[PDB]
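Listed below, chain by chain, are the residues.
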Amino acid sequence: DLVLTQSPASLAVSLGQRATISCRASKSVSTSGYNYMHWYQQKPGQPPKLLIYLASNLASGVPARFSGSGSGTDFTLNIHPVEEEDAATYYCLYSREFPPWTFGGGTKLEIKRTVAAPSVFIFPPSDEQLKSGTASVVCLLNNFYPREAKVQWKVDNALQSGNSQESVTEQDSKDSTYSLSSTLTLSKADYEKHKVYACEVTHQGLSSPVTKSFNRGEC
Amino acid sequence: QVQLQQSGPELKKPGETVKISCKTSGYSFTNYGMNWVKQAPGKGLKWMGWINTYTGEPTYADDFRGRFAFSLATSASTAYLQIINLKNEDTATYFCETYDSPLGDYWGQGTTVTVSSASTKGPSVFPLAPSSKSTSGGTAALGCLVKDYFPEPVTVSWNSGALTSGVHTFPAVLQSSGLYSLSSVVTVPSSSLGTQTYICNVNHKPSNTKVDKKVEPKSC
Ligand SMILES: COC(=O)[C@H]1[C@@H](OC(=O)c2ccccc2)C[C@@H]2CC[C@H]1N2C
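First to last, the sequence lines map onto chains A and B. The numbering used here numbers the first residue of the first sequence as 1 and each following residue consecutively. The numbering used here numbers the first residue of the second sequence as 220 and each following residue consecutively.
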């Protein structure tokens, strides 16, 4: 049977530098004289897109910065210079004119850029939600790098826990940054029990933690 | 040139069966046939198998025997993927593809299938008002909180598509209630909070819910 394993699983490469991805086949795919290795690129929320077919030929509408090499069992996909729009997952694919097909496990590619601090904002609950019995307080961290970030909620300066959730956007294909949203959910009752709601952010782009807050009733 | 459109997202309970469609822009699928690919949330691509366009003879990959069936409804150059006795492990996005040559590779945008016992439920849309607390420099941030819905997905656009710059719609989080929640925000000129109107358009097909929430400024 044929299995393809890719190296590495993840890779972070500086904008403008070279990205090298590998794929090894459990057995030779060049015995017929042709190199049956293909490469696909897939960005979040989109279907795969062919980049290279037959180990080294560029697919349709693929910039020359992408290239491929190898034969037998070892192949590599090369990107140079890496651009922000290249943040994606890359898969090698084995197959002849007709199937079967065998995909490799994939290689996530993150674009590395200069550190950037997040812009922090906070949103007190809306009147209509409060009216329905709950209170959601949202904290937004906009356009930052690297992805590593820490958000702490404090109600009347008391660190909250187990009552908040967050999601980070995929790396921006334009400027290579991230954005994060954190939601502190509380019952109307609980919410009206306290006065100060704050979001405290720590990111290697901030000299010292930044805090955003408001007082219930102020807004 | 060619383009495959697939049927929308589906919600089924375990044990049920689901049937997804793939339609070409051309008048039929090429001589090479058609392929189906599976992608579980956050996982890799996995070839399911293929079906011959002429012989209608399907071939299934090892890990996809018994419960899966590829069918050709040539009646309108359409192909179908059927899965019976749905399990949790079937929760994934299914892609259909076909090719006429090395340079002619066409993919469908995939059909997201969700296997769960949870009931469908439209979201509530709450405004994330811009104010002194969501302003920095000349930029003001504002948004919409789409809370308590099931199943995925939800789409959000701003001012019917007019505003798209600086828009950030985050990945939905699954709350302890088993319901999803998501937020969509946008940064717009602080002064343009007296010259412009801002409305988020939320669409949650699974429950046929369409909401338009105008987001107004808050003084404090
Ligand atoms: C002609 O076959 C293809 O188009 C295949 C592939 O090419 C070949 O396998 C191939 C074999 C012999 C000659 C030319 C191309 C490129 C991509 C990946 C699978 C499939 N295509 C979508």
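Don't read these hints as lab results, they were simulated from the structure. For each residue, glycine too, the CB sits at the ideal point set by N, CA and C. Check each hint, because a few of them may be wrong.
Computed footprint of chain A on chain B, listed as stretches where at least three residues anywhere in the stretch have a Cβ under 8 angstroms from a Cβ of chain A [to be verified]:
# : region
1 : 262-275
2 : 305-311
3 : 315-329
4 : 392-403
Checked against the structure, which of the hints given earlier come out wrong? Hint 2 is the one this structure does not satisfy, whereas the remaining hints hold.
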